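This document opens with one chain alone, in structure tokens, the form deposited in one PDB entry.
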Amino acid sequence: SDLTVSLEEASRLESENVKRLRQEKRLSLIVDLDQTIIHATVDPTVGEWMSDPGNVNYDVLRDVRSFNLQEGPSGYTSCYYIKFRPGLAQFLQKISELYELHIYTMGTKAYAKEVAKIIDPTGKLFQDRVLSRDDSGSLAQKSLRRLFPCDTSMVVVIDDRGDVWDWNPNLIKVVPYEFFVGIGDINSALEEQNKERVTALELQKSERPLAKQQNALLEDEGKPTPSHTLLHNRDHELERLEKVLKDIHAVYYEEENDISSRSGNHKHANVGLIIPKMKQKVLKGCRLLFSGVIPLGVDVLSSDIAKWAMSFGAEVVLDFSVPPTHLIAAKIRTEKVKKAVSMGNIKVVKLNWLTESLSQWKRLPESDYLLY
């Protein structure tokens, strides 16, 4: 019936796209919004600072855009302030040459459209390839299957959160973009989620966290103005992401093009295999033991930090049975720390050593994070 034929049609269409992409010599890139390529806030403090050229935060707010949104319930309206990550225009422009772009956000569709309107005014970058929490199919997680149910060999994902992707092998976790300091992700059981959301938005509009932190910084008599200014433009993560993305593409089409041995629907490259290969080298050789990092209520080997570290080739042990190379500790003289210190061959470092190493795709010198 109109289902057997339909499913066969959808399947043909899916393989068509995979073929189309390889003929354009491109891949698919799933792009997250919040804290990946933008940062948003409803803290009215932004509008106030933007209206005062003499304000210490004025200069870094010159490129900030805003828009209004009223949604679902009883027309709750909010003025959103959007800060685009440095170099975004060029990143999208350049990356579009190697990847077909898709947006996949946990924000609402209305939210996504407004953001898309600004970053993609001609609609050529993303077209209609935009997924929001209104049509993704989940309020807690993202799935490659929502976009590529049968073949994910050509899809790369860039997102600041690895948990919403189950630390999928196709994921390139990005350093969270936190321009509006102290503000996290304004977008994080539908009506039950909307409630707490509208609550976080209100708490932000009334508590003015930005003003609160800026005031605190100024209330500390000093001379170095810069260190007293809350907002700063010191992020060029996109230039780094561009490099990694160019490499993945290059490696994929190198393996792909050299699949010369009946290139029909025989065998092709797989970003899902290529990416892990690239990351596995970073912390290969490291055996990590955590102390005061993972809550006892949470499982260690399934914790986000552990999975993040393992995606980069590190091993995560639970005890000293097999002496770990590093003890990731949370500034607390625990029995694990004492133990490792007595062994003298274990590097006792702060969590930062690991998160910064993972963020830089490079095993950093323990010396700067060493506790023992």
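Positions refer to the first chain, counted from 1. Throughout, rigid core stands for the largest set of C-alpha atoms superposing within 1.5 Å between the two forms. What changes on going to the form deposited in another entry:
- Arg262 is the only residue from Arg262, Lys117, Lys243, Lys277 whose Cα shifts by 2 Å or more between these two forms, the rigid core being superposed.
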Given for the second form:
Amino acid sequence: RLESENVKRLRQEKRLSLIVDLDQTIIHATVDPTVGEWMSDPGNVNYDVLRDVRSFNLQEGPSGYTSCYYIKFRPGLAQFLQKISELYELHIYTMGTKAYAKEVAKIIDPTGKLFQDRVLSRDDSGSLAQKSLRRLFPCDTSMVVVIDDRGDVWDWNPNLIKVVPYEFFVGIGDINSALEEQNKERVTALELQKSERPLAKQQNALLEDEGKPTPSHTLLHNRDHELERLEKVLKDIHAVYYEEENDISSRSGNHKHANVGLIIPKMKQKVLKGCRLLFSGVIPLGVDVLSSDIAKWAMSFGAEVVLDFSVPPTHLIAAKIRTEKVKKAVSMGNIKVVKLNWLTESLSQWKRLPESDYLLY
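I've shown you the form deposited in one PDB entry. Could you give me the structure of the form deposited in another entry?
No partners, no molecules, just the chain.
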């Protein structure tokens, strides 16, 4: 009764549901103790961009291994969640532990107003590898949208809006990327990040180089504007859904409704429609091309993927290597040989970029 009732409640509130991933989507976390050092020194070159960083401690594992996690909020997060919460009922669904999720929630939702108890972690999601809409909406996913920096954990679900991974702490990826005892590998990874101090090593390297650009000698920067773009995409999805929902329901007395799983692909398919892609040296010889992540991501944006020249492709995505495919493409004509960057960047910006800026040879 709760589920079906929820759908009715949301449509009455004129809202949709939004599932939010944490790491590299709305925050970036690291346990490199270098952060605490830089934050305690107003004269440090990284001090200013770390002013809004927040931290907390967690004891993980049977041995009670403790770590101080430093969390950076993606630029404009507060306003983003504020505005989007008026259009979407927020959910947190992370691969981090329940304790991790709760600590992050206390910091981005102190009052508990945005998300509430609508937090999902690897402790209760039901899977340590993939995420599923069915864990939250078993029978009806027509109103749930997802924002995550990874498409593979969602099996490139049509309801997903892949976001550009947020990397504030340069060089640090996702700290939450057999079983329990084998997870001694988590302690091992956290320990290694603490001892290597990747941030300090990189900062030292930038300072040791006798280049020229002064600000480029500073490791950390605030240059991200991904949430502004995302806000526009989510507001658009919301409008289209309720616009069609009104027409769809009125014409069928509520028997039929709108479906974000149909709306989102529609929008995406316009970006690379007309493109037929041939990859060269981008996918391992041991990986099925058409089922690879890059292929599914490109295809979700209207791109067609081919395996040869039998039907000459519009683009040749080359690994910056000089191979027979590159040669063959050039000797031919009308192929645009471009770096992988052209594709990933175009896909990330929901806009087909100028091939002119990504040539190889």
